[PDB]
Structure formats: structure tokens, C-alpha cells
Amino acid sequence: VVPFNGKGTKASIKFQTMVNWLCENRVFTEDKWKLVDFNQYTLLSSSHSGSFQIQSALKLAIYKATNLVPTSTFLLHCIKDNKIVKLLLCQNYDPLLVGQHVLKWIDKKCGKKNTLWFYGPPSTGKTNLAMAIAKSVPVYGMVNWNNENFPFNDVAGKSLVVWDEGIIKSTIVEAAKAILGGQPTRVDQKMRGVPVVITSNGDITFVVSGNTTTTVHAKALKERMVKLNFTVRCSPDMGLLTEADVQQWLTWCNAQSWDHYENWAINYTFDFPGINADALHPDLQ
Amino acid sequence: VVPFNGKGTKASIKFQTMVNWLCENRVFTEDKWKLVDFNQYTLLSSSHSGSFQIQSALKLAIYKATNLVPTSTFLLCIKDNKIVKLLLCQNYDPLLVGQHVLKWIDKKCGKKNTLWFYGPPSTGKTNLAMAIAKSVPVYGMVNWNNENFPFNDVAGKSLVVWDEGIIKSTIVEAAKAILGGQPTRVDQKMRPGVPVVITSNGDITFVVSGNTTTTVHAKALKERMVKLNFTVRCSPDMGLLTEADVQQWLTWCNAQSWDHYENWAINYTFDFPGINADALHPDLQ
Amino acid sequence: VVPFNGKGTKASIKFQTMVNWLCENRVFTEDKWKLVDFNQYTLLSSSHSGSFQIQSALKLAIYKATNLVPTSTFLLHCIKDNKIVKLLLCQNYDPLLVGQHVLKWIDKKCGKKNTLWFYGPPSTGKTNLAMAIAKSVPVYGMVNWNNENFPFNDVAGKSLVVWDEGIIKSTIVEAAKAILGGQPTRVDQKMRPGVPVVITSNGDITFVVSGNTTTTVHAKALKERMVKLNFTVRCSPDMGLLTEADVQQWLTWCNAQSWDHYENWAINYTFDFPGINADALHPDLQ
Amino acid sequence: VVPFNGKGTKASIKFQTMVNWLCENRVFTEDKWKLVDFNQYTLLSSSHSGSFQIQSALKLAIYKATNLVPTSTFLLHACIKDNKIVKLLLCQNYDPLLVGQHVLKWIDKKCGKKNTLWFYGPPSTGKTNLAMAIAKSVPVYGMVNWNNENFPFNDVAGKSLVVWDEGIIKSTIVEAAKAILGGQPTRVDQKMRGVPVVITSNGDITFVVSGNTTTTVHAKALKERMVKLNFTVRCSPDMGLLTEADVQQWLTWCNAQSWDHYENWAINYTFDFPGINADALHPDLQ
Ligand SMILES: Nc1ncnc2c1ncn2[C@@H]1O[C@H](COP(=O)(O)OP(=O)(O)NP(=O)(O)O)[C@@H](O)[C@H]1O
Ligand SMILES: Nc1ncnc2c1ncn2[C@@H]1O[C@H](COP(=O)(O)OP(=O)(O)NP(=O)(O)O)[C@@H](O)[C@H]1O
Ligand SMILES: Nc1ncnc2c1ncn2[C@@H]1O[C@H](COP(=O)(O)OP(=O)(O)NP(=O)(O)O)[C@@H](O)[C@H]1O
Ligand SMILES: Nc1ncnc2c1ncn2[C@@H]1O[C@H](COP(=O)(O)OP(=O)(O)NP(=O)(O)O)[C@@H](O)[C@H]1O
Ligand SMILES: [Mg+2]
Ligand SMILES: [Mg+2]
Ligand SMILES: [Mg+2]
Ligand SMILES: [Mg+2]
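Chains as they are written, first to last, in the deposited numbering: chain L, 202 to 278, 286 to 400, 407 to 499; chain G, 202 to 277, 286 to 400, 406 to 499; chain F, 202 to 278, 286 to 400, 406 to 499; chain E, 202 to 279, 286 to 400, 407 to 499.
Watch out, some of these pointers could steer you wrong.
Stated by the list, open to error - Straight-line Cα separation of at most 27 Å, BS3-like style, residue types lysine-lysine; simulated pairs:
# : chain 1 : residue 1 : chain 2 : residue 2
1 : L       : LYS398    : G       : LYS385
2 : E       : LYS343    : E       : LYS233
3 : G       : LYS235    : L       : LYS265
4 : G       : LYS233    : L       : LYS208
5 : F       : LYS385    : L       : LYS436
6 : F       : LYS215    : E       : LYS215
7 : G       : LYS235    : L       : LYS215
As the list claims (entries may be wrong) - Some residues of chain L that are not near chain G, with every Cβ distance over 12 Å (derived):
#  : residue
8  : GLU225
9  : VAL228
10 : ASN240
11 : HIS249
12 : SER257
13 : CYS298
14 : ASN300
15 : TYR348
16 : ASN357
17 : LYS385
18 : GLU437
19 : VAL440
20 : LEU454
21 : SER471
22 : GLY488
23 : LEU494
To be verified - Here are some of the chain F residues that sit facing chain E, going by a computed Cβ distance under 7 Å:
#  : residue
24 : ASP238
25 : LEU244
26 : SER246
Don't read these hints as lab results, they were simulated from the structure. No residue lacks a Cβ here, since even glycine has one placed at the ideal position from N, Cα and C.
All chains should be built: construct the whole structure from the sequences, respecting the hints.
Put into C-alpha cells, the structure is as follows:
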């Protein structure tokens with residue numbers, strides 16, 4: 202398609218540069234804007250013709266970082289010193305293979321399997337890892353914040369959705385399968407998928423119907439999930455994980471060979487394969 | 202009727218050019234505009250008087266492509290084509306089917322405004338429906354609309370799709386109007407017929423009423439439908455039929471002789487006739 | 202368990218004989234009592250005490266014919289000339305095998321497959337055969353009488369449930385599966406065996422209505438509970454109404470013959486009803 | 202079917218006698234009993250054990266005169288030109304004998320689907336007078352005008368005749384009206400277990422009302438269930454009111470004559486009723 206012949210004035214052009222400035226600094230909310238740059242926020246809000254541009258610039262900045270720029274481009278900025293690499297080795301999982309899946313999963317390239325699942329006993333790093341990734345994406349939603357009756361609202365404009373320590377009820381089991389499967393919502397189709411990560415101590419394939427466990431949806435939920443078993447406690451020295459840990463870890467994994475990935479990626483298994491001593495990278499051996 | 206004499210200004214002329222640009226590139230929604238041309242969208246939304254033009258232009262662009270211009274103009286080796294293989298495998302004359310679609314999509318079949326695809330599952334019923342539905346300017350689906358109010362938002366569409374449809378007694382009287390091409394009562398007082411395609415694994419002539427099927431409406435529905443039997447299963451690798459195949463197929467059907475179709479057009483039959491080995495046009499014999 | 206040692210008076214014994222009389226003559230409703238025995242109905246309703254026995258005797262009479270007696274006994278009592293035998297031959301189904309399956313199905317001995325499904329084009333004897341079976345059992349009720357949003361009320365206390373020209377919606381699809389599979393309703397568990410179901414339809418009922426669409430998520434589950442018969446061959450318009458004498462004669466004849474093939478199939482029930490084997494047909498039907 | 206051999210006491214026998222007395226003297230309502238026999242009515246209500254017998258007697262009396270005894274017997278009584292009914296039918300160019308032989312079949316539900324009589328024409332032609340005359344003769348009769356507007360067909364069972372004076376059919380009730388006009392029992396009666410109908414009108418009732426608009430979609434289906442008589446010639450102003458004595462005399466006379474003229478018309482039940490043949494009219498009416 203040929204771009205339109207229209208030419209913008211200096212006021213319109215300066216607005217365009219402001220939209221580009223917002224994306225380049227990851228400023229996607231009004232509260233974030235005030236902290237990052239209060240002088241420009243004060244100047245813009247001086248008039249009704251300027252306070253309008255505050256709303257419009259944020260709606261366009263969100264769209265640019267969500268539907269035009271792939272999310273992985275935000276994640277790409286001694287490997288053994290990185291806390292995430294140590295954590296995945298403590299859980300007996302290959303740090304390279306997990307990292308390569310995250311790049312594919314956050315880009316919605318996995319097809320139906322749009323859902324991750326960190327499963328294990330309490331205090332094993334499940335919430336920390338999930339929140340660390342969520343901090344490194346432009347905008348992320350959360351089921352816990354939403355209404356208890358409509359947990360799957362406000363999914364548009366989110367590059368990621370975090371469902372921490374959640375359980376699937378029968379009243380929302382049908383809406384869950386749509387979101388977990390990456391299928392766009394019926395409302396989205398009429399008015400026109408987001409990666410989902412779940413942490414849990416119990417098996418979420420058991421749907422809560424009334425006061426009774428049900429296993430009707432066991433197969434449907436497994437076709438959409440990839441499960442990681444976090445069954446080993448982490449030393450308290452781990453503390454809180456930073457965004458730079460994710461960026462360093464994912465940048466290294468992207469530059470390595472992908473050959474091991476598509477071999478497993480041909481047959482998407484519900485459970486993530488464990489460590490094999492043959493396929494370990496020499497840097498981690 | 203002579204057009205109004207008064208000429209416009211530079212600002213209004215540029216808006217008119219933008220409207221003609223939207224129709225050319227088949228941009229009828231804001232999301233389609235952002236994906237195609239984010240630059241012009243950003244500049245327009247720099248002011249209140251600019252974001253007004255975005256809403257005003259799209260409403261005129263949709264109206265131009267639906268009411269002022271015939272839909273067939275947006276629709277426009287022969288054996289190699291996937292669709293003609295699909296039609297021949299079902300033992301239906303490809304020239305007759307293509308010549309019917311052009312007259313049907315233009316709302317010129319009188320009372321028989323509705324096509325119907327019937328047959329066993331996985332025989333390409335929905336695949337062909339989407340191919341035609343994706344080529345028209347704007348298409349709507351009964352699935353998207355509200356469960357108890359399925360025929361809202363039917364104006365402004367070039368085609369309405371009813372996939373896996375079943376006619377309930379609560380909407381059977383509303384369905385008969387839209388199936389026959391009769392304009393809706395609200396459309397009358399705020400002032406016009408849209409083609410409908412139905413794909414179903416079952417005989418939709420059977421109307422559901424409670425926990426029981428009734429045939430009192432069978433004769434009336436047969437007056438408005440045209441039926442195609444997709445009985446033979448197709449190749450497992452048929453693939454997604456695209457806009458290019460529809461444009462190729464209908465263009466060839468338009469070029470050939472129309473005398474054969476007008477014999478059938480004199481009296482419309484509920485069942486669509488099959489191929490005659492000698493009446494088949496020499497490009498396909 | 203030993204019955205209680207107590208004995209009744211003259212009045213209590215006469216009431217017991219009245220309850221037995223209702224079962225023999227199949228009087229399970231007041232309207233049936235009025236048609237048959239108006240004299241005894243007039244004598245009983247002459248007082249408030251007597252009118253109580255009318256309501257109470259029907260409760261025990263219906264219960265005896267539904268729980269204390271197998272339903273096959275009320276079905277039992286030239287075979288080629290039987291109209292049902294003619295109907296099953298036109299549709300290419302073995303009369304001996306159909307009858308032998310009905311007897312076990314009407315007695316809830318088929319396990320999961322508690323449902324019979326008749327399918328075919330219109331005017332093929334689907335309702336006729338179903339109605340004849342339905343009117344031969346002591347008490348029958350149809351889904352077509354119940355409320356639209358509560359199709360399965362009054363199911364308990366019946367010998368058969370008929371669902372004529374029926375279709376399954378996603379709102380009741382969960383309630384339907386329990387009854388079709390013979391699983392007792394939740395309310396029955398906390399207030400205390407299912408009821409055999411026969412369904413006739415011109416379309417495929419495995420498809421489940423949801424909104425204005427069709428779905429097959431319940432297609433596999435429903436097939437585990439139903440046995441399907443294909444009523445495709447057009448019948449002669451002068452076949453007429455199938456009667457109880459046709460049903461009783463047909464089932465009694467099937468009960469008399471050997472079951473040898475039936476145990477072979479009954480090892481693993483299939484969804485579709487198997488067709489006729491020309492060599493396995495009984496010589497009395499040849 | 203052998204009746205139960207239980208024999209009641211003296212008190213129960215007397216109640217049975219009182220049931221036979223109510224049916225004999227056409228006493229079917231509480232008020233009618235007070236007019237006909239106040240001495241017995243006072244005696245029964247002297248105690249609670251007695252005032253219960255009153256309700257049970259009326260329930261059985263209405264049933265015996267509606268569901269067990271044919272209605273035609275009560276229309277019959279236990286110069287023909289002297290009857291004012293024949294005068295009315297002659298003016299409308301209708302053979303008086305053929306009309307009477309039809310009523311004996313229409314009131315007994317024997318006319319198949321064509322269950323409802325329709326009287327049509329300009330005002331003051333005796334449509335209501337004739338219809339109310341037959342209505343007053345049957346044991347128990349109900350009217351649609353008495354029932355509430357939203358549910359016109361409550362309390363239909365237990366009635367020997369339903370009258371619909373100057374009626375109009377709305378689309379909200381057209382589906383329910385089709386069953387009662389066609390003689391089909393309603394859904395309620397089927398689960399808890407045919408009434409002749411007469412309609413008079415100044416206009417075409419087949420024009421079903423729908424909103425502020427008149428539609429003809431149901432006209433063909435309604436015509437399948439009605440018989441029409443066109444009352445056009447205005448009667449003499451001194452017509453008076455038709456009585457049950459005239460209905461009993463006219464209908465009894467029509468029973469005695471031959472039926473071959475009517476039995477031939479029953480071969481094809483047309484919508485309109487045939488007119489007078491100048492030479493086929495019975496000699497007594499000449
Ligand atoms: N805010 C924090 N500050 C310091 N250390 C933290 C913090 N959050 C988590 N940790 C450390 O991270 C490790 C596990 O934490 P966490 O991710 O919360 O496990 P968890 O599985 O989510 N607990 P649970 O929610 O019950 O499943 C421990 O070593 C904690 O000390
Ligand atoms: N997205 C797709 N990509 C490739 N092939 C497809 C796709 N969708 C359908 N097909 C093929 O199209 C053929 C028929 O599919 P489909 O159009 O879905 O039939 P269908 O009638 O819609 N099934 P049903 O809805 O149950 O009646 C098969 O050979 C499929 O493999
Ligand atoms: N009451 C009846 N009187 C006369 N013939 C009857 C009657 N009931 C059924 N038949 C005949 O029985 C045959 C099949 O009728 P029926 O059993 O009603 O098929 P059907 O499946 O119920 N029709 P449909 O509901 O459209 O599928 C036809 O030849 C009918 O004429
Ligand atoms: N109770 C009565 N006493 C005397 N004359 C009566 C009585 N009822 C009706 N008539 C007469 O009977 C004739 C016919 O009137 P009627 O039977 O009421 O027709 P109608 O159908 O009621 N008029 P309409 O309802 O407008 O079509 C008239 O001459 C009336 O005066
Ligand atoms: Mg946690
Ligand atoms: Mg499909
Ligand atoms: Mg039927
Ligand atoms: Mg009047």
C-alpha cells in the first residue's frame with residue numbers, strides 16, 4: 202500500500218516525535234510519565250488542546266509497542289554468574305532451551321501452545337521468575353487485578369498476561385480456553407492473542423465445579439500448556455530478580471544455535487524436557 | 202440532478218482525497234488503518250479536529266464501497290485453480306456457480322438472496338465461504354453478534370456469514386426477512407438487503423422450537439435459499455483458499471457466455487443443478 | 202430380612218386387594234379409573250376417609266409397576289404377518305435381534321446404553337414403533353409435555369421416557385447425558406435406577422445446539438449411551454397404527470427363541486445397530 | 202375388565218343415588234342446586250361430613266355428563288314449520304335438515320379436525336341467538352368472553368361446549384387456538400391424564422391480528438378446522454329468543470330422517486356449508 206500524500210504541520214510533526222519518544226523510554230502510563238518527565242507533562246496539561254495529546258500519544262505508543270514492534274525486540278539488550293541460569297540449573301532444566309522457548313512464546317509463534325506454567329511447592333522462585341519477565345515487557349496485565357466475575361477483561365494492549373497462583377473455575381473455564389489458546393475474543397473480532411504465564415502450587419488441569427473437582431477439561435488445557443516443575447528450594451541469597459537478568463539471559467540464548475530447538479519444537483510436548491548431558495552448552499558444562 | 206454548485210476549500214479537498222484513498226486500499230476500520238498506514242494515522246490524531254476526520258472518513262469510505270459501488274467490482286491455467294477443482298470434485302458446474310455468485314452478490318436474484326452449503330464435515334464448506342467473504346469490502350458474521358439478537362449490525366455489510374447455523378423459533382420471523390433480502394423495519398424508518411451465506415452440517419430447513427423440531431416454516435425458507443451439496447471429501451492438503459483464487463475464478467466465469475445461466479435464471483430452483491458432461495465449457499472438458 | 206409380625210384389620214386387607222386390582226388392570230390414573238370402574242370410584246369418594254384411599258392406592262399401584270416388578274413382564278404375555293416384523297424387515301433389521309435388545313433395554317440391563325435412537329427421513333414408522341412400545345409399558349411420559357426449560361421433570365416413577373422429534377441444547381446437555389446414561393438425578397439421591410429413553414429424530418441429535426450454532430464437543434459422550442437405528446426405507450401408507458397386540462406378540466416370540474447371537478454382540482455394544490445377516494435369520498422369518 | 206367386587210355401606214349407597222339425581226335433573230352448579238332443591242341442600246351442610254359430599258357429588262355429576270355420557274343425548278328430548292329454528296335456516300338458504308344432522312356429529316367430536324362451527328354475517332341475523340340456544344342446551348358450557356384477556360382458554364376441560372361470541376384471533380394466541388379449534392388436547396391435559410367450539414363474528418376471523426396490522430398467514434391452517442355458515446338475510450324484528458325446547462325439537466326431528474344426504478357430504482368436509490337444493494329438500498318442509 203502506498204502511504205498517503207498528506208503533509209503534517211509543525212504541531213503535528215512534534216506530536217509524532219513525542220509518540221516515538223514515549224516508546225523509546227517505555228513510558229506507557231500517565232503515572233510513569235510524571236515520574237520520568239514532569240516538565241513536559243506540566244507543559245502539555247496547560248491547556249485543553251494539550252491535555253488531549255497526552256491521552257492520544259499514550260494510546261498510540263501502546264499500539265506501536267504491542268502490534269507493530271515485536272515484543273522480543275524489547276528483551277534483546286560470564287553466563288554462569290547470572291542468577292536465572294543458576295536457577296534453571298537448580299531446577300534441573302536446560303537454561304538455553306528454556307530461554308529459546310521464551311523468545312518464541314512471547315512472540316506468539318508457538319501456535320496453540322500459548323500458555324506457560326510454573327508448578328511446584330511454595331518458595332521455589334515461580335513468582336519471581338514470572339514477575340521478572342513481566343517487568344521486561346512493555347505492558348503486562350494480571351488476572352488478580354481484574355474483576356472476580358470477569359477475569360479476562362482488558363487483555364487488549366497487553367504484551368503479556370500473568371496469572372499468579374491461580375485456579376480455573378467452571379464458570380470461566382470456557383473463556384479460559386480461548387485466552388490460554390491464543391484465540392482472539394469474539395468481541396475483538398467484531399470490533400476489529408496474548409501470551410499467558412501461570413504459577414501454581416496445585417495442578418490447574420483440575421477444574422473446580424461447585425464443591426467438586428472435575429477432569430472433563432483435562433485434555434483441552436494440556437494441549438495449550440507447557441509445564442515446568444519447580445520442585446527444589448532456592449537459597450535466600452537469590453533475593454529479587456532484576457530486569458537486566460532477563461535481558462542478559464535472553465540475549466545470550468538468542469545468539470546461540472537453535473538446532474536443538476526445532477528438534478523438540480516439531481513435537482510440542484506438554485512437559486518440558488529435562489537436562490540431557492549431551493546437549494549442554496560448553497559454557498555451562 | 203445537478204450537484205451543488207459551491208466549491209470547497211483546500212482542507213476539504215484533501216479530506217475528499219483521503220476518502221477516495223481509503224476505498225482504493227480496502228481500509229474500512231481503524232485497526233486496518235494503523236497496520237497499513239501508521240504514519241498518516243498518527244498525524245491525524247494530533248488534534249481534536251484531526252481525530253474527527255478519522256471517524257468521518259471511515260463512515261463515508263464504508264458507505265461508498267457498499268451502497269454506491271456494486272460489490273462485484275471488488276470481486277473482479287483455469288483448471289489449475291483450487292476452487293474449480295473443489296467445485297468439480299463436488300460435481301457442480303464451475304461456470305454456473307461462478308455466474309450465480311456474481312448475480313447473487315449484487316442482490317439481483319430476487320427473493321433468493323441466500324446461498325447454502327450443506328454436507329459432511331471437512332468437505333470445504335467454510336473454506337469456500339471465507340474465501341468469498343474475504344474478497345468483499347466488508348463482511349459480518351452471525352456468530353459475532355449477540356446470542357439473543359443475532360441480526361444487529363447487519364447494515365453496512367457486503368455479506369453476512371452464518372457458519373454452522375441453526376434457525377430458532379424465537380428468531381425465525383426475523384431470519385426470514387434477512388434471508389429474503391427484505392430491508393429491516395428499523396432500516397426503513399431511518400432512511406437495504408445484504409447477501410447471506412449459510413454453512414451447516416445439518417438441514418437448516420428444520421427449525422428448532424424448544425426441545426423439538428418443527429417443519430411449519432419449511433416451505434417459506436425454501437423460497438429464499440439456494441442449496442449446494444458438498445458431499446465428497448477433498449484432499450487433506452487443499453489449504454486455505456485466498457482472495458486471489460476467488461478473483462481469478464469469478465473473472466473467468468464473467469468472461470464466458472452468459473446465455474446458459476439466464477435459462478436457469480428464468481425459474482430459480484431450490485436445488486442447484488450439477489454438471490452435464492456436454493454442457494461443460496471446453497476449458498474444463 | 203423378616204417382614205414385620207403385625208397383621209391388619211378387615212378394612213386394611215380390602216385396601217390391599219384394591220391396590221393389587223389396580224396393577225392387574227393397569228389403572229394408574231384417576232381418569233383411567235373413571236372410565237373403567239365408575240361404581241367403585243363413586244363409592245370410595247362418598248366420604249373424606251374413602252377419598253384418601255383413592256390418592257394413596259394410586260401411589261402404591263404405580264410404585265409396584267415401576268420398582269417391584271420388571272417392566273418386561275408387562276411387555277410379555286404367523287410371525288411373518290406381524291406388522292412390526294414387516295417394518296423391521298423393510299428397514300433391513302433383524303426382528304429377532306431388535307426384540308431381544310428391547311427386553312434387556314426395557315429392564316435397564318444394558319449398563320450405560322440406556323437410550324434407543326430412531327433416525328431416518330420423515331414418514332418411516334419412527335413415531336409409530338416408539339408410540340406402540342410407549343403405550344405398552346405401564347406408565348410413560350414424554351419430554352414434549354414438560355416445561356421448555358425443565359424438560360426432564362416427572363421422570364421418576366415412569367417406565368419409559370419418549371423424546372419425539374427431539375434436539376439437544378447446550379443448556380440442558382449436561383442434564384441430558386445423566387438421564388441418557390441412566391445415572392440417577394442428584395435430587396433422587398438425597399430424596400431416596407434411571408428410566409429407559411427412546412428418541413425419534415429426523416436429524417442427527419449428537420450435534421448439540423448452542424446459541425445459533427452447532428457443536429460436537431458432546432458428540433463422543435452421547436454415542437456411549439445410545440443405540441441408533443436407521444429408518445430409511447419408505448413404508449406403505451396403509452401400514453396403519455401399530456398396536457399393543459403387535460408389540461406383545463413380537464416380543465413374546467423373540468423371548469421364546471434362543472439368544473445365541475445376542476450374547477456375542479452384548480460383549481461389547483456398538484453404536485450403530487448391526488444389519489441383517491441373511492444366513493443367520495430365523496427360518497420362521499425366511 | 203371385571204369391576205371391583207367391593208360393596209359399600211348404606212351411607213355410600215345414598216351418595217351414589219344422589220349422584221344419579223344430579224345428572225338426571227341437569228344440576229351441575231352450586232346455585233342450581235339451591236333453586237332446584239333447597240331442603241336437601243340445607244340438610245347436607247348441617248355438618249362438615251355432609252358439606253364434603255356436595256363438592257364430590259358435583260365433581261362426579263359434571264364428569265358423568267361430559268366424559269362418559271355422549272353429549273348428543275342431552276340435546277335430544279326424552286308440525287316442523289312450528290319451530291322457529293327452521294324459519295331462520297330457510298331464510299339463509301340453508302337446508303334445515305342437513306344443518307341439524309351436522310350438529311349431532313359436531314357436538315360429539317366425530318367430525319375429525321373440523322371441530323368448530325362459524326357463524327358469519329351482518330348484525331341482527333340471529334348468529335348469537337342460535338349459538339346461545341345450543342349453548343344453553345348442553346349440560347355444561349363455557350365462554351371465551353368470561354376468561355381473562357391474556358389467557359382466553361383456561362378451564363376448557365370439564366366443559367361440554369365452548370362459545371366464542373364476536374371473537375377475534377390475535378397472533379399471540381393463534382398457536383394455542385389452533386389446538387382447541389382443531390380438537391387437539393392441550394399439553395396440560397396430556398400430562399395430567407376435545408371440546409366442540411362455536412364462533413360468531415361480524416368479520417373474517419381468519420384474518421389473524423398481529424400488532425397494528427392484519428395478516429393472512431394463518432388463514433389456510435384455520436380453514437382446515439372450521440365450518441362456515443353465512444347469515445346474511447336479516448330476520449323479522451319479532452324473532453324473539455330461541456329456547457332449548459326449539460333446539461330439542463328441531464334436533465330430534467333431524468335425527469329421525471335419513472342420513473344419506475349428510476353421509477355423502479361427509480365424504481369431503483368443505484369449508485362452506487352447501488345451500489338449499491330446490492328439489493332435495495325434505496317433503497315435510499315444503
Ligand atoms: N521480594 C523479595 N525479596 C527478596 N527475596 C525474594 C523476594 N521474592 C522472592 N524472593 C526469594 O525468591 C525465592 C522464592 O520466592 P518466590 O518466587 O516468591 O517463591 P514462590 O514459589 O513464588 N512462593 P509461592 O507464591 O508460595 O509459590 C526465595 O529465595 C525468596 O527469598
Ligand atoms: N487453516 C487451514 N489451513 C489449511 N487447510 C485448511 C485450513 N482450514 C481448513 N483446511 C482444509 O480444508 C478442507 C476442509 O476444511 P473445512 O473448510 O474446515 O471443512 P468444514 O466443512 O468447514 N468442516 P465443518 O465446519 O465441520 O463442516 C480440509 O482439507 C482441511 O485440511
Ligand atoms: N394414526 C395413524 N393413522 C394412519 N396411518 C398412520 C398413523 N400413524 C402413522 N401412520 C402411518 O405410518 C407411516 C409412518 O408414519 P409415522 O410413524 O408417523 O412416521 P414419522 O417418522 O413419525 N413421520 P415424521 O415425524 O415426519 O418423521 C405412514 O405410512 C403413516 O401413514
Ligand atoms: N333475548 C331476546 N329477546 C327478544 N328478541 C331477541 C333476543 N335476543 C335476540 N333477539 C332478536 O333476535 C334477532 C337477531 O339478533 P341477534 O341474535 O342478537 O344477532 P346478533 O348476532 O347478536 N347481532 P350482532 O352480534 O351485532 O351480529 C333480532 O331481531 C333481536 O331483536
Ligand atoms: Mg507467589
Ligand atoms: Mg467449518
Ligand atoms: Mg414422527
Ligand atoms: Mg350480538
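May I ask you to check that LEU494 of chain L keeps its beta-carbon over 12 Å from the closest beta-carbon of chain G? 39 Å, holds
Cβ separation check - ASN240 of chain L to all of chain G, threshold 12 Å: With a cut-off of 12 Å, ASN240 of chain L remains clear of chain G, as the shortest Cβ separation is near 20 Å.
Just checking, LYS385 of chain L versus chain G, shortest CB gap more than 12 Å? The assertion about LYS385 of chain L holds, with a minimum of 17 Å to chain G.
Should the label of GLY488 of chain L as a non-interface residue stand, given a Cβ cut-off of 12 Å to chain G? 35 Å, holds
Quick check for students: does the CB of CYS298 of chain L sit more than 12 Å from each CB in chain G? Holds, since 43 Å exceeds 12 Å.
With chain E as the partner, please determine if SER246 of chain F meets the hint condition of a C-beta pair closer than 7 Å. Check passed: Cβ of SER246 of chain F comes within 5 Å of chain E, closer than 7 Å.
Distance restraint between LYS215 of chain F and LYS215 of chain E, which requires alpha-carbon spacing of 27 Å or less: 21 Å, holds
When you look at the beta carbon of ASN300 of chain L, is every beta carbon of chain G farther off than 12 Å? 40 Å, holds
According to the definition I'm using, a residue is off the interface if its beta carbon is farther than 12 Å from all beta carbons of the partner; does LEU454 of chain L meet that for chain G? For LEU454 of chain L, whose nearest Cβ neighbour in chain G is about 37 Å away, the distance exceeds 12 Å, so it holds.
Is the Cβ of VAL440 of chain L more than 12 Å away from each Cβ in chain G? 27 Å, holds
For the pair we were handed, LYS235 of chain G and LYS215 of chain L, check the Cα-Cα distance against 27 Å. Holds, at roughly 19 Å.
Status of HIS249 of chain L, Cβ more than 12 Å from any chain G Cβ: Given that some Cβ of chain G is not farther than 12 Å from that of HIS249 of chain L, nearest at about 9 Å, it is violated.
Hints 11 and 12 from the list above are not met by this structure, while the remaining hints are.
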